[PDB]
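Chain residues, written in single-letter form:
2 protein chains.
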Amino acid sequence: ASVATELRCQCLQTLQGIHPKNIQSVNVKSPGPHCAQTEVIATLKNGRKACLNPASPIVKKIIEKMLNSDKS
Amino acid sequence: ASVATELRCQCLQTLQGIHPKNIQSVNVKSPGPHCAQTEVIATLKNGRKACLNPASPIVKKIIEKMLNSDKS
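For the protein sequence lines, the chains are A and B, in the order given.
Quick note: the first sequence uses the deposited numbering, first residue 1, plus one each step.
Quick note: the second sequence uses the deposited numbering, first residue 1, plus one each step.
Isolated chain A (complex conformation):
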């Protein structure tokens, strides 16, 4: 465990746009307390959560794609 500026937050280690199938939702929150960092947790299908890098391009997709999800 390294001394980073993010304790309150739950982010794993911001993945770079993983694959969904399990990923059923995501949460995005602004900074504030000592974590003073954004929030981008994708809730897994099993009811878990992961964080991804919205600053990342592929990951910025993760938001948009999670937002899409049409009938196909």
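Be a bit skeptical, because a hint or two may be false.
Once the Cα atoms are required to be at most 27 Å apart in a straight line, the calculated DSS-like pairs of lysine-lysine come out as [claimed, not checked]:
hint, chain 1, residue 1, chain 2, residue 2
1, B, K49, A, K61
2, B, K45, B, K61
3, A, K71, A, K60
4, B, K21, A, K71
5, A, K49, B, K29
Going by beta-carbon spacing under 7 Å, a handful of chain B positions derived as facing chain A [unchecked claim]:
hint, residue
6, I18
7, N22
8, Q24
9, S25
10, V26
11, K29
12, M66
13, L67
14, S69
Taking CB as the label site, the calculated pair distances span [what the hints assert, rightly or not]:
hint, chain 1, residue 1, chain 2, residue 2, range
15, B, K45, A, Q10, 16 to 24 Å
16, B, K21, A, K71, 29 to 37 Å
17, B, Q10, A, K45, 14 to 22 Å
FYI, nobody ran anything at the bench for these hints, they're computed from the structure.
Note that beta-carbon positions come from the ideal geometry of N, C-alpha and C, so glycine has one too.
Fit chain B to the given chain A structure using the hints.
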């Protein structure tokens, strides 16, 4: 209370992009059970939640703007 196809979900009545200041985060989930509808809950600063219409244009902003939040 009308008989709609969304009980499981918590959505208030999907607002059309309200103003933040309180809105500190949001959650987006896919359909599945009898709710069989998306999910777009903006968690309020007081720790509350609201739903908005991501299909809506202004509201699709609510996602992108909530995603932005820079130093300014």
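Taking the hints in turn, this is what the structure says about them:
1. Proposed proximity of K49(B) and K61(A) is supported: the alpha carbons are some 24 Å apart, at most 27 Å.
2. Of the pairs offered as hints, the one joining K45(B) and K61(B) holds, with about 19 Å between alpha carbons and a cut-off of 27 Å not exceeded.
3. The straight-line distance between the Cα atoms of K71(A) and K60(A) is roughly 22 Å, inside the 27 Å bound, and the hint therefore holds.
4. A threshold of 27 Å between alpha carbons decides the hint, and for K21(B) with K71(A) the separation of about 34 Å lies outside it, so the pair is violated.
5. Of the supplied pair hints, the one linking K49(A) and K29(B) holds, its CA atoms being roughly 12 Å apart against a limit of 27 Å.
6. Of the supplied interface hints, the one on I18(B) is violated, with its beta-carbon coming no nearer than about 16 Å to a beta-carbon of chain A, more than 7 Å.
7. Hint status for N22(B) relative to chain A: violated, with the closest Cβ pair at about 11 Å, above 7 Å.
8. At a threshold of 7 Å, the smallest CB-CB gap from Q24(B) to chain A is about 5 Å, leaving the interface hint in force.
9. A least Cβ separation of about 3 Å between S25(B) and chain A falls short of the 7 Å threshold, and the interface hint therefore holds.
10. The beta carbon of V26(B) is positioned within 7 Å of a beta carbon in chain A (closest approach about 6 Å), and the interface hint is therefore held.
11. Because the smallest distance between the Cβ of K29(B) and any Cβ of chain A comes to about 3 Å, under 7 Å, the interface hint for this residue holds.
12. For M66(B), the shortest C-beta to C-beta distance to chain A is roughly 6 Å, which falls under 7 Å, so the interface hint holds.
13. The interface hint given for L67(B) is met, as the beta carbon of that residue sits about 6 Å from the closest beta carbon of chain A, less than 7 Å.
14. The criterion of a C-beta within 7 Å of any C-beta in chain A is met by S69(B), whose closest approach is roughly 5 Å, and the hint holds.
15. In this structure the hint that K45(B) and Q10(A) lie 16 to 24 Å apart at CB holds, the actual value being about 19 Å.
16. Separation of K21(B) from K71(A) is about 36 Å and conforms to the stated range, judged on CB atoms against 29 to 37 Å.
17. Between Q10(B) and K45(A), the C-beta spacing of about 19 Å keeps the proposed range 14 to 22 Å intact.
Violated hints, listed in ascending order, are 4, 6, 7; each of the other numbered hints is respected by the structure.
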